[PDB]
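Just need the whole structure built from these sequences, with the hints factored in.
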Amino acid sequence: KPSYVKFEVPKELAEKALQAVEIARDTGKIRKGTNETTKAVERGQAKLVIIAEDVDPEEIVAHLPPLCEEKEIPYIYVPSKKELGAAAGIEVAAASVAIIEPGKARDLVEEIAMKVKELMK
Amino acid sequence: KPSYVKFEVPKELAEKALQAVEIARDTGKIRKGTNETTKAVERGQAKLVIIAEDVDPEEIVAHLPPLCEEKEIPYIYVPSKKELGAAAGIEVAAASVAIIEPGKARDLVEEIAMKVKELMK
Amino acid sequence: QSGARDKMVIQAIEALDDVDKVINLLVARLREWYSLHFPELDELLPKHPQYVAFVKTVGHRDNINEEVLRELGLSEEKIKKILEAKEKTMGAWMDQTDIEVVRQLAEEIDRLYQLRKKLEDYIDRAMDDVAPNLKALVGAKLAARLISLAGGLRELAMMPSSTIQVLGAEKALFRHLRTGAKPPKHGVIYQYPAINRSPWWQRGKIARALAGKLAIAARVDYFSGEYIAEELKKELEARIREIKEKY
Amino acid sequence: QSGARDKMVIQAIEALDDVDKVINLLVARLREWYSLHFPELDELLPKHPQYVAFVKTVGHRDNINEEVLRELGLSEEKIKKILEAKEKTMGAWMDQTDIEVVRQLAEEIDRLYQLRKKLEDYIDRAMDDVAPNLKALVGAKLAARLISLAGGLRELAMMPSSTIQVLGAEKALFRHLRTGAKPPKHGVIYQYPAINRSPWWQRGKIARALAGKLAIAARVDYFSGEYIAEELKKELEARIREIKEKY
RNA sequence: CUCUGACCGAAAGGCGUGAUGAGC
RNA sequence: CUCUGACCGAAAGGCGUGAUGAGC
Numbered sequence: 004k005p006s007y008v009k010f011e012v013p014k015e016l017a018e019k020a021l022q023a024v025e026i027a028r029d030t031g032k033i034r035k036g037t038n039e040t041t042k043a044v045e046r047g048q049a050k051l052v053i054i055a056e057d058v059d060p061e062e063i064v065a066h067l068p069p070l071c072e073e074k075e076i077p078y079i080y081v082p083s084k085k086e087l088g089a090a091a092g093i094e095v096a097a098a099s100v101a102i103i104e105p106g107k108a109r110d111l112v113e114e115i116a117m118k119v120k121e122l123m124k
Numbered sequence: 004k005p006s007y008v009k010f011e012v013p014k015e016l017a018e019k020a021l022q023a024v025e026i027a028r029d030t031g032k033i034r035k036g037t038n039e040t041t042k043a044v045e046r047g048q049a050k051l052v053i054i055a056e057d058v059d060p061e062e063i064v065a066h067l068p069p070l071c072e073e074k075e076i077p078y079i080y081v082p083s084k085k086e087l088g089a090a091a092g093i094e095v096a097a098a099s100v101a102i103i104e105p106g107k108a109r110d111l112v113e114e115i116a117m118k119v120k121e122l123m124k
Numbered sequence: 127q128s129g130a131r132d133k134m135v136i137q138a139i140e141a142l143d144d145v146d147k148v149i150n151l152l153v154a155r156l157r158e159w160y161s162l163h164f165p166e167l168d169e170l171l172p173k174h175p176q177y178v179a180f181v182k183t184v185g186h187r188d189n190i191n192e193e194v195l196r197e198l199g200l201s202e203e204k205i206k207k208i209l210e211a212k213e214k215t216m217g218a219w220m221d222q223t224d225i226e227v228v229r230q231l232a233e234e235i236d237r238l239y240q241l242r243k244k245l246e247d248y249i250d251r252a253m254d255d256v257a258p259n260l261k262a263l264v265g266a267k268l269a270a271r272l273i274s275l276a277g278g279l280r281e282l283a284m285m286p287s288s289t290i291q292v293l294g295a296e297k298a299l300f301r302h303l304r305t306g307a308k309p310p311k312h313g314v315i316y317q318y319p320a321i322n323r324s325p326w327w328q329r330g331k332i333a334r335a336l337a338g339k340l341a342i343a344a345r346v347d348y349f350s351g352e353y354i355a356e357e358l359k360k361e362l363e364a365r366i367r368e369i370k371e372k373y
Numbered sequence: 127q128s129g130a131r132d133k134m135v136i137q138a139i140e141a142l143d144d145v146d147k148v149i150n151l152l153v154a155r156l157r158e159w160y161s162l163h164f165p166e167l168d169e170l171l172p173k174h175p176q177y178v179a180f181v182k183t184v185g186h187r188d189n190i191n192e193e194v195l196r197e198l199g200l201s202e203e204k205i206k207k208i209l210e211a212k213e214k215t216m217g218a219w220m221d222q223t224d225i226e227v228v229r230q231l232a233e234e235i236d237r238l239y240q241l242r243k244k245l246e247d248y249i250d251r252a253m254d255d256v257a258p259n260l261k262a263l264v265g266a267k268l269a270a271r272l273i274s275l276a277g278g279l280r281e282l283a284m285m286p287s288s289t290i291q292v293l294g295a296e297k298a299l300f301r302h303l304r305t306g307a308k309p310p311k312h313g314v315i316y317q318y319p320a321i322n323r324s325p326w327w328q329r330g331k332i333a334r335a336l337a338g339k340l341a342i343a344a345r346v347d348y349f350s351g352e353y354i355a356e357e358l359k360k361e362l363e364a365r366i367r368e369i370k371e372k373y
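These protein sequence lines are chains B, D, A and C, in that order. The authors' numbering numbers the first residue of the first sequence as 4 and each following residue consecutively. The authors' numbering numbers the first residue of the second sequence as 4 and each following residue consecutively. The authors' numbering numbers the first residue of the third sequence as 127 and each following residue consecutively. The authors' numbering numbers the first residue of the fourth sequence as 127 and each following residue consecutively.
Check the hints yourself; a few may be wrong.
Calculated pairs, DSS-like style, for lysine-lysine (alpha carbon to alpha carbon, straight line, at most 30 Å) [to be verified]:
(1) D/4 / C/359
(2) B/85 / A/359
(3) D/85 / C/331
(4) A/173 / C/147
(5) A/147 / C/182
(6) D/9 / D/32
(7) A/339 / B/9
(8) B/4 / A/339
(9) B/118 / B/107
(10) A/133 / B/74
(11) A/267 / C/147
(12) A/308 / B/42
(13) C/360 / D/85
(14) C/243 / A/182
(15) A/331 / B/42
(16) A/244 / C/212
(17) C/173 / A/147
(18) C/206 / A/133
(19) A/173 / C/243
(20) C/243 / A/243
(21) B/42 / A/133
(22) D/42 / C/331
(23) D/42 / C/360
(24) D/85 / C/359
(25) C/147 / A/243
(26) A/182 / C/147
(27) A/243 / C/244
(28) A/147 / C/267
(29) C/147 / A/147
(30) A/359 / B/42
(31) C/214 / A/133
(32) A/243 / C/182
(33) C/244 / C/359
(34) C/182 / A/267
(35) A/339 / B/85
Everything labelled a hint here was simulated from the structure, so no lab data went into it.
Listed below in structure tokens is the structure:
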């Protein structure tokens, strides 16, 4: 797991991330793609950001963890960029995605942040 | 006669000059003194400029002759800088004078300039 | 890593621009001044290093001869000129003392030219430690302007591609952001050859292609020191032909 | 006579001011840049010639010690305190390649100070062959700015004193001349010591007096070469103390 | 305080690692 | 395209070769 993956995400949590993104798409507002995500973070408009762990080069998303710890926004890893891409409703892949407003998914968001607060500490 | 005196002025012409200055003062307009005179020549407001011939240092009025040739203004010498000054209505002397508007003197001005037109050429 | 070398490249690239400002200023002065002695050389040597090299090694008109002009290395029609313009000139004569001080000025500007090449090579070699990929895509000089405008490698490596496309366009961007006027399609990256020499109707698309790649190139230089610029330079060639193909 | 020597003098005085600009510009860069390596030296050495002299001959922090700082000729408090701030500084580390390029910048700023002195010597000596009377009255430098502002010796020799009094205030003058705003009392002649430092309430009348004498000195310089400056200065000294008198 | 954000292409294909639109 | 122009000083005197007024 590449150095930019700073903690080990349990196979389950990952799966709850992908369907938080999924429902937050339809019932809410998300930003797909690394440049929009980063833009959403610097504006404190990110509720959560998901970051694939298969990105090649791995440095394309390497600024997202540090930038997220400065704005305090919770972040999590999913194993596949193609999966993340589809979960976000696009035919191609996505190296990262940020949920702006969770919509009918906020429940999942909160608990992702809770379980993640732990894997950090 | 200092080098800046470019031609010889008949004892007569000099005498009309001074009285062209005198009636131009009462019935007309004049500018007394080298700075104001110079100002007048560059503004082409000068009908005639009288240059005293006793100036010390003589270089003080040495810019008038060429500056007058450039704006094509007629200029005449008189013998005394003190006489020139009383002619213009001042207690002190005057190294040069210019007539702005000849007033009741336009006749005199005209003939000084005709009799001048020769001495030059 | 050190980690201050990126701030040093910044000073150097700002310095390189200052040196350029002063070279112009002093060369404009050199020409006005030496033109009092030799009016006609001005137009004849429109190229600065050539004018300076002349005033500095030739000086007075009395030293111009077929010999010294060839050793100065300028063409054959040129040197057939300057020899007519010279003996027949309308310029004022100059004593030894008068021309010595103007030649001093021209020995100075020369030092300045050598100082400029020193800065130009220092950036080039420094870029190789600081941002090898950034250098490969756009060249060392431009890569240093980017780092400079961003405020450093880290700052530049934290940026979205949309910011990078407009670095250097700061006023036009703000003015677009405040009033709503049309945005700039490019900042400094406008010098990238494939932008400024391409059909005007494709410039925004090449800008946005290049910004894309520079953002990735800057993240790699900063976070790893891994070297990806070959693929990055190809994916970008492809995307630029693919862009040219249709238009 | 020649008669282009006044034009070269003008070029040289303008040159002096141009050179001043680039020194101020390069020095600033030099300070910002060497501050990455040694932040504190900046406030310690507010005097540019001293700061540049330091960087040039000392360079990297490692080379300082008590020894080299006296041969630099700085006072005893200044030395121990800079010597202290070093061993203790928060500055970034420099390589030998990194410090060498900023030492080259310093080396060039030094060449420039010498160029500046060369020009200032030229103007001073040439001013004796051009307008000795002007030099005697106002100094070599100030007389050159006057010639310079007027466009030449002849152009100066033609002006009424009232123009001379305001040379170098052109903005203020043209403002007044259009909108009837209150006129400047002085241009460059403000430098003249008796003006620049006098009760503000007698500055206008002194300017008026000095300009009158400057007009006469200029006509003599141009149309004769006669030397009257001693009378002039004394007659001016007279009129100033007389002004000084009643106020 | 630092653009836009899913389309483009006749298709083959390209495209969130940025399509499109846009005032160095 | 480049200020004003005969007053100042208690007087002695100064002053168009520039008094006075005036935003380098």
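Checking against the hints above, which ones are violated?
-> Checked against the structure, no hint fails, so every one of them is satisfied.
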